[PDB]
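K.L.:
The chain contents come next:
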Amino acid sequence: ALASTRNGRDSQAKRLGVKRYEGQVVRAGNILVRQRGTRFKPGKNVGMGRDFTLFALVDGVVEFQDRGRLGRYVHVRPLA
Amino acid sequence: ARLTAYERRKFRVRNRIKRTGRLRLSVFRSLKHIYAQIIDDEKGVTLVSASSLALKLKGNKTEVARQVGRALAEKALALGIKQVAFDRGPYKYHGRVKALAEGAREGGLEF
Amino acid sequence: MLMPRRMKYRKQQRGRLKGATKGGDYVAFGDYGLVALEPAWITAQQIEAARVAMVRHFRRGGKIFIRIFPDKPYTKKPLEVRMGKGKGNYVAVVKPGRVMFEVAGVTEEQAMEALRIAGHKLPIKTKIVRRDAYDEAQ
Amino acid sequence: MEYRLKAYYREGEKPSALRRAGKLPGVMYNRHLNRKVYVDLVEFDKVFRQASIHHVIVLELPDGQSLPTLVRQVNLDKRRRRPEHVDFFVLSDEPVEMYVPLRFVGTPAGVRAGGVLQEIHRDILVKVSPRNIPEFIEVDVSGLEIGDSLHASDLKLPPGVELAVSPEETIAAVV
RNA sequence: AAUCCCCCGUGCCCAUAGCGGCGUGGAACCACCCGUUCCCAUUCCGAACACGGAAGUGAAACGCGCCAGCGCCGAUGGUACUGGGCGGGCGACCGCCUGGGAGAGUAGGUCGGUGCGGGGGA
RNA sequence: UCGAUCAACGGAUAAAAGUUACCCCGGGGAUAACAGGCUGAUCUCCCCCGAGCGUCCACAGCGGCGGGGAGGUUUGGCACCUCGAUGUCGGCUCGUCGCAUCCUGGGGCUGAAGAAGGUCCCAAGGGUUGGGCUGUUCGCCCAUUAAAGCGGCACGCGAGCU
RNA sequence: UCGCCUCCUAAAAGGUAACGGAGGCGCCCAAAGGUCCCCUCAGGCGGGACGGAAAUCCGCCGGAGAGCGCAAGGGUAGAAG
RNA sequence: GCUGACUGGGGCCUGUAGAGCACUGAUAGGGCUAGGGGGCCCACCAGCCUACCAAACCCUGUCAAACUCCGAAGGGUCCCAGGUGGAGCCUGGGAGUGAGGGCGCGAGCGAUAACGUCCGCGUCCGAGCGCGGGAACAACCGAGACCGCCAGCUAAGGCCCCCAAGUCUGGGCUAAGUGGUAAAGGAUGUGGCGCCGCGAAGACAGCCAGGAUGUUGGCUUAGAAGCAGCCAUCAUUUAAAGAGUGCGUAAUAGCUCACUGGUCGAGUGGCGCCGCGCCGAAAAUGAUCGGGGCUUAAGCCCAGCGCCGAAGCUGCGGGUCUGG
RNA sequence: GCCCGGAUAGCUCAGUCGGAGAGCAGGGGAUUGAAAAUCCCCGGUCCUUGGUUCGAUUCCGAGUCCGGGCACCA
Ligand SMILES: [Mg+2]
Ligand SMILES: [Mg+2]
Ligand SMILES: [Mg+2]
Ligand SMILES: [Mg+2]
Ligand SMILES: [Mg+2]
Ligand SMILES: [Mg+2]
Ligand SMILES: [Mg+2]
Ligand SMILES: [Mg+2]
Ligand SMILES: [Mg+2]
Ligand SMILES: [Mg+2]
Ligand SMILES: [Mg+2]
Ligand SMILES: [Mg+2]
Ligand SMILES: [Mg+2]
Ligand SMILES: [Mg+2]
Ligand SMILES: [Mg+2]
Ligand SMILES: [Mg+2]
Ligand SMILES: [Mg+2]
Ligand SMILES: [Mg+2]
Ligand SMILES: [Mg+2]
Ligand SMILES: [Mg+2]
Ligand SMILES: [Mg+2]
Ligand SMILES: [Mg+2]
Ligand SMILES: [Mg+2]
Ligand SMILES: [Mg+2]
Ligand SMILES: [Mg+2]
Ligand SMILES: [Mg+2]
Ligand SMILES: [Mg+2]
Ligand SMILES: [Mg+2]
Ligand SMILES: [Mg+2]
Ligand SMILES: [Mg+2]
Ligand SMILES: [Mg+2]
Ligand SMILES: [Mg+2]
Ligand SMILES: [Mg+2]
Ligand SMILES: [Mg+2]
Ligand SMILES: [Mg+2]
Ligand SMILES: [Mg+2]
Ligand SMILES: [Mg+2]
Ligand SMILES: [Mg+2]
Ligand SMILES: [Mg+2]
Ligand SMILES: [Mg+2]
Ligand SMILES: [Mg+2]
Ligand SMILES: [Mg+2]
Ligand SMILES: [Mg+2]
Ligand SMILES: [Mg+2]
Ligand SMILES: [Mg+2]
Ligand SMILES: [Mg+2]
Ligand SMILES: [Mg+2]
Ligand SMILES: [Mg+2]
Ligand SMILES: [Mg+2]
Ligand SMILES: [Mg+2]
Ligand SMILES: [Mg+2]
Ligand SMILES: [Mg+2]
Ligand SMILES: [Mg+2]
Ligand SMILES: [Mg+2]
Ligand SMILES: [Mg+2]
Ligand SMILES: [Mg+2]
Ligand SMILES: [Mg+2]
Ligand SMILES: [Mg+2]
Ligand SMILES: [Mg+2]
Ligand SMILES: [Mg+2]
Ligand SMILES: [Mg+2]
Ligand SMILES: [Mg+2]
Ligand SMILES: [Mg+2]
Ligand SMILES: [Mg+2]
Ligand SMILES: [Mg+2]
Ligand SMILES: [Mg+2]
Ligand SMILES: [Mg+2]
Ligand SMILES: [Mg+2]
Ligand SMILES: [Mg+2]
Ligand SMILES: [Mg+2]
Ligand SMILES: [Mg+2]
Ligand SMILES: [Mg+2]
Ligand SMILES: [Mg+2]
Ligand SMILES: [Mg+2]
Ligand SMILES: [Mg+2]
Ligand SMILES: [Mg+2]
Ligand SMILES: [Mg+2]
Ligand SMILES: [Mg+2]
Ligand SMILES: [Mg+2]
Ligand SMILES: [Mg+2]
Ligand SMILES: [Mg+2]
Ligand SMILES: [Mg+2]
Ligand SMILES: [Mg+2]
Ligand SMILES: [Mg+2]
Ligand SMILES: [Mg+2]
Ligand SMILES: [Mg+2]
Ligand SMILES: [Mg+2]
Ligand SMILES: [Mg+2]
Ligand SMILES: [Mg+2]
Ligand SMILES: [Mg+2]
Ligand SMILES: [Mg+2]
Ligand SMILES: [Mg+2]
Ligand SMILES: [Mg+2]
Ligand SMILES: [Mg+2]
Ligand SMILES: [Mg+2]
Ligand SMILES: [Mg+2]
Ligand SMILES: [Mg+2]
Ligand SMILES: [Mg+2]
Ligand SMILES: [Mg+2]
Ligand SMILES: [Mg+2]
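Chains as they are written, first to last, in the entry's author numbering: chain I8, 6 to 85; chain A8, 2 to 112; chain 88, 1 to 89, 93 to 141; chain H8, 1 to 175.
Bear in mind the hints are in silico, worked out from the structure with no lab data behind them.
There's no promise every hint is true.
Pairs of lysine to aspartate or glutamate, EDC-like flavour, derived with a Cα cap of 16 Å [unchecked claim]:
hint, chain 1, residue 1, chain 2, residue 2
1, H8, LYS78, 88, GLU139
2, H8, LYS46, 88, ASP71
3, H8, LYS78, 88, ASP71
4, 88, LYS8, 88, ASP71
5, 88, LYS63, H8, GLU168
Put together the whole structure using the sequences plus the hints.
P.N.:
Take a look at the structure:
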């Protein structure tokens, strides 16, 4: 319809974003970023799940890297 | 026409290798010679070099290659190096490049 | 009347009149300008009311530039109370320092007297200006 | 015909203050130099009305030097439409881009009494060796007929120096 | 064996390395090249991929330079905005202190820099 | 592993619609209708600009398109006191106040000869009819008039009446 | 109108309301899945029988505006096509 | 049992304010050009001109919650320090609450309405209807009331009287009782700053003085012979009067100005800006800024100095709990 | 007063690509012995005013003479 209201929806907030930041200690399995596209690409010691979700592969600290036109990158640095 | 099929195929195969995170056994082959270079990324560094060019040998570019592969093994295995993954670059695994690879055992390997 | 064709959305949030500024302001097309002293949504029908005041003022002669435009849709409810937004029913959002209108190719007494009439048709205080070095080159 | 103003220097001295001081914050620069400077408003005003990024301005200031500047920017604050700051560009001998005013010469010059006059520029951007600066460009072209557009190099191009172009654009016309 | 220079790989910075123009290189690398018997090929084509070659050419590609027309980068100065503290206006909104401070634009920059390894000259 | 528009989609039962002016109880001013209040879109009245009509034209008299307000008499918006009750339209009775003046008084301009008008200004002292119709307010109409004014007071007034 | 997804509102973490502004889902695919190998678009201009704005073909330019089953968004050719 | 709020430094995250137009869209003026609106030469391909349509494209110029080439201040989180607080964490017992409201800021809905409504971040009332100020007044300013005192200092706000303390000191403003109020718009109010036109080659104001020639201008006409009117408004003679700006009108007589000389004798006319004021300005029981009353102020702006002023702070005594 | 409608030669009423109509009057002709009917031919400042456009009866905007729909109250 038009007037009465044809509007009125929305969907649940997806609570998307970075869940661990640079220089933050993590364990194998911790997920570091929740995201829609490949907005951050997985780096050293970092997996991607089917939903583009980035997790630590190893314990460590997390370092962020901006490779310019190659994207941004999340790695886990060991001494784990 | 930007960024040719050569350098796509190039990049495609390369990145896949680079993810597994072994040392890289990287193969250049020109019309004349065939070279092979074992690289550790993240230190951005070559470790064990082997050319037909520097081994000054010739005839049957394939049989030359099995040789520059045996050359690499013997050379490389001497530094402790055993496991690596085969770069194969923009080249079909075939012929000359297959031959250097199946010559790169007696050391090295799974290839 | 004055009005877009093709809107991407029919209705749009009111927003603030804040921070009088930003673009327009330097008298780019003509001899004298009418600059806006206060902020306001000026309506497609006040604009046309100024235009025609001026064109009527000189002999169908002279040349007129306008230079603000009503792309912001203005809704109003019927004398109902509360359910949905809407409806209808267009404005140009105008902050201080803007040149609307701006005549050219007419005499000083003409332009200045037309612009003064034009100004009476507007909901805000105005300023007539001439043109400057300051209006640069570009 | 030839214009000079005054100038001074600054390091601290909050501009808002200077601005209340009847003065006019600005900056002095070129490839070789960059320096904070202020002028007097009314003074600057009286000259700049004639000068107007069009004719060269010799400043002065202490040291006492006299510096041969073109004005490359003026910021008016938009509310009160009045200058809040000035870029003074100082010349040395290297070619420099700039806006030269234009003398439109003729009568309607074809469709006399009359076409429609239609000046599409008061200016042209042109690269000029500073030494010879063509303080206007007579554009006669009495050919000057209905619908036509002169582009660039059909301008007089007085002796010194070439266009900053584009060689194809619109200057005037009759319709 | 260091050091420099040229080439060939190959990383990194992620356009200050790009486009366009011009110029340059074949000894050596590299390429195009000669052929298609053989490995292997092409929804047709040895174009591509692949192999066995070495007569020719740097035309193409690549590499190295030099041009600022475009593209890219880009101050200082000034404003906008603003954390915090205060005013003013019926309102819309404005202003002051203190601390942070763009974007556009102007000046200018730029025809890349560099690590590892090889081959060749020092 | 299947049977769910259990879609009112955390899904009362396996199984379910209406009406009450014949109504009742517990509650609420947490919430509607009246009045007030806030508001003033709407409404009434000013004012700015002044296209244009007015033979010409100082707007004698008009006033486009737009603009800024005043008032709080309309219709509303809101839902703030009142639902352990603030009785509702109209009439009658009795008024009182405001002035944006209907008449009378005094004025200016007139496209004011006179007389009679038009418009605007001052002015709230007093006045401001009787009837037909309808519950009407309003309005129409008859006959008069100096005139037959518009509003407020809980749409003034039901412990005053109807 | 009622559950679910996308965007805005939402004030540069997450979250955030109104009978605020706008759209979609209740499926689909044995290939539209896994892997290995290859390939790279849309558009514009020029050329070519039936071919026309568009069928196919050839040439140059074209860093992604195409494609990714369907809404939007994020993403993506160094592939997810 | 030192980890807390808050704070310092360092990293990472972000896409808002602002701004921009590269995308998505919208959009003013001009240019050059596909298709054509078709004027028509066709009626064969043609085919030119466009002051209409018009893609793309260039120039100038803008707009956007669902646009972004950009992008702050802030914010979030981690690490390292400070931080002993009616701080923090862990387990368990008892709850109450799940109607909020005002204000400030940012938004949406509303009408750039509401003591409107819906979120966000803060605050206060709620529960501080206890105190001081604001005339009076939950939530604005001041400030967190354990008890006592016929002691002090302050806050906000005040110091002519009601009413505690300046009829304080200096400088300027306003003449409306503005203050003690409401806009567009207006205006030789008034005070300051500025720029420009003319002026002792004597301007502005008055006054003395010229008040055209052909001519009725051609037009139109009983006649307009400027003034009942549509205009060729042109030649001249001058220091020098428009075939005439107005009264006039039996068209003419008679009259005035424009524009000139001259008289006299120092300013004159124009514009812009800031301060205060003025109009605009009409409601209903009796008026009023809280009242009296205030005019070199008892009003407003600037600088200063003192004082007055709470349950805040202090001084003196005391209570209770917690620590030591 | 309040929002929506339509004027067209002489009367009836088409006329959304923006660059004036057929009817039915009236005159004329053909037809007929003459007519009727039927077929041929003959003329709006297109309701005023402002606007867009080079150009508007044909697009915009009111305002008007005149048609539809609207709200006092409990
Ligand atoms: Mg969401
Ligand atoms: Mg502006
Ligand atoms: Mg701009
Ligand atoms: Mg409005
Ligand atoms: Mg209701
Ligand atoms: Mg105005
Ligand atoms: Mg870049
Ligand atoms: Mg060679
Ligand atoms: Mg040779
Ligand atoms: Mg070459
Ligand atoms: Mg920049
Ligand atoms: Mg800066
Ligand atoms: Mg602030
Ligand atoms: Mg404030
Ligand atoms: Mg910058
Ligand atoms: Mg370059
Ligand atoms: Mg390198
Ligand atoms: Mg070497
Ligand atoms: Mg349910
Ligand atoms: Mg439910
Ligand atoms: Mg749920
Ligand atoms: Mg059940
Ligand atoms: Mg019954
Ligand atoms: Mg009974
Ligand atoms: Mg019963
Ligand atoms: Mg009951
Ligand atoms: Mg009612
Ligand atoms: Mg009542
Ligand atoms: Mg009510
Ligand atoms: Mg009451
Ligand atoms: Mg009102
Ligand atoms: Mg009001
Ligand atoms: Mg009024
Ligand atoms: Mg009411
Ligand atoms: Mg209530
Ligand atoms: Mg409520
Ligand atoms: Mg009740
Ligand atoms: Mg009671
Ligand atoms: Mg009672
Ligand atoms: Mg009166
Ligand atoms: Mg009277
Ligand atoms: Mg009288
Ligand atoms: Mg009389
Ligand atoms: Mg009278
Ligand atoms: Mg009276
Ligand atoms: Mg009375
Ligand atoms: Mg009877
Ligand atoms: Mg009635
Ligand atoms: Mg009566
Ligand atoms: Mg009464
Ligand atoms: Mg009522
Ligand atoms: Mg009553
Ligand atoms: Mg009773
Ligand atoms: Mg988005
Ligand atoms: Mg957020
Ligand atoms: Mg936020
Ligand atoms: Mg739906
Ligand atoms: Mg497959
Ligand atoms: Mg392509
Ligand atoms: Mg193509
Ligand atoms: Mg083609
Ligand atoms: Mg895409
Ligand atoms: Mg999609
Ligand atoms: Mg998308
Ligand atoms: Mg500690
Ligand atoms: Mg931090
Ligand atoms: Mg913005
Ligand atoms: Mg854009
Ligand atoms: Mg935005
Ligand atoms: Mg930048
Ligand atoms: Mg600590
Ligand atoms: Mg606690
Ligand atoms: Mg507990
Ligand atoms: Mg609740
Ligand atoms: Mg709430
Ligand atoms: Mg409320
Ligand atoms: Mg409010
Ligand atoms: Mg609150
Ligand atoms: Mg309570
Ligand atoms: Mg409290
Ligand atoms: Mg009380
Ligand atoms: Mg109090
Ligand atoms: Mg009090
Ligand atoms: Mg008190
Ligand atoms: Mg209190
Ligand atoms: Mg206490
Ligand atoms: Mg004091
Ligand atoms: Mg007092
Ligand atoms: Mg006293
Ligand atoms: Mg005194
Ligand atoms: Mg008073
Ligand atoms: Mg008063
Ligand atoms: Mg004094
Ligand atoms: Mg003081
Ligand atoms: Mg004291
Ligand atoms: Mg004690
Ligand atoms: Mg205690
Ligand atoms: Mg016959
Ligand atoms: Mg006959
Ligand atoms: Mg009634």
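K.L.:
Next, verify each hint and record whether it holds.
P.N.:
So, going through the hints one by one against the coordinates:
no.: 1; hint: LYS78 (chain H8) to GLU139 (chain 88); result: 14 Å, holds
no.: 2; hint: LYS46 (chain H8) to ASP71 (chain 88); result: 40 Å, violated
no.: 3; hint: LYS78 (chain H8) to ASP71 (chain 88); result: 23 Å, violated
no.: 4; hint: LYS8 (chain 88) to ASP71 (chain 88); result: 11 Å, holds
no.: 5; hint: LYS63 (chain 88) to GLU168 (chain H8); result: 27 Å, violated
In summary, the structure is inconsistent with hints 2, 3, 5 from the numbered list given earlier, while agreeing with the others.
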